Amino acid sequence: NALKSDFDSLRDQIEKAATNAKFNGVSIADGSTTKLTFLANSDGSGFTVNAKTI
Amino acid sequence: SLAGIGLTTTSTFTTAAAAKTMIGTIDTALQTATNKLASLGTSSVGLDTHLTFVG
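Just so you know, the protein sequences line up as chains E and C, in that order. Going letter by letter, the first sequence gives residues 111 to 164 in the deposited numbering. Going letter by letter, the second sequence gives residues 165 to 219 in the deposited numbering.
Take the hints with a grain of salt, since some may be wrong.
Claimed, not checked - DSS-like cross-link-like pairs, simulated, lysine-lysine; straight-line CA separation at most 27 Å:
no. : chain 1 : residue 1 : chain 2 : residue 2
1   : E       : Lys145    : C       : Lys184
2   : E       : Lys162    : C       : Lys184
3   : E       : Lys126    : E       : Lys162
These are computed hints drawn from the structure, not numbers from a lab.
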């Protein structure tokens, strides 16, 4: 029972640590969106970074 | 003026996709505006030369 409760605590910890990792409201580790596109060229062409949910 | 260069007043971008085309619209606008100003400068030089000759 003690080992199970330790396991459960650690799982809840993983969840908290994962959902708090936002910068400026946008994040690539929670799983909110599928990809983020940044500017890479003075004409609008983008640099694509896929989302890696953890 | 805004109509002259094709900009179209009260023309914005409501989403993050209309900006991708607004980039090109502003590029074309800047090109044609600079061309028109170059033509104006040429005409001014012509006026100066002819004034000298008239003198």
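Going through the hints against the structure:
1. E:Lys145 - C:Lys184: It holds: about 17 Å lies between the C-alpha atoms, which stays within 27 Å.
2. E:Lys162 - C:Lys184: With a Cα-Cα distance of about 26 Å, the restraint between E:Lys162 and C:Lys184 holds, given a limit of 27 Å.
3. E:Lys126 - E:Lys162: holds, 17 Å
Every hint, counting from the list given before, is met by this structure.
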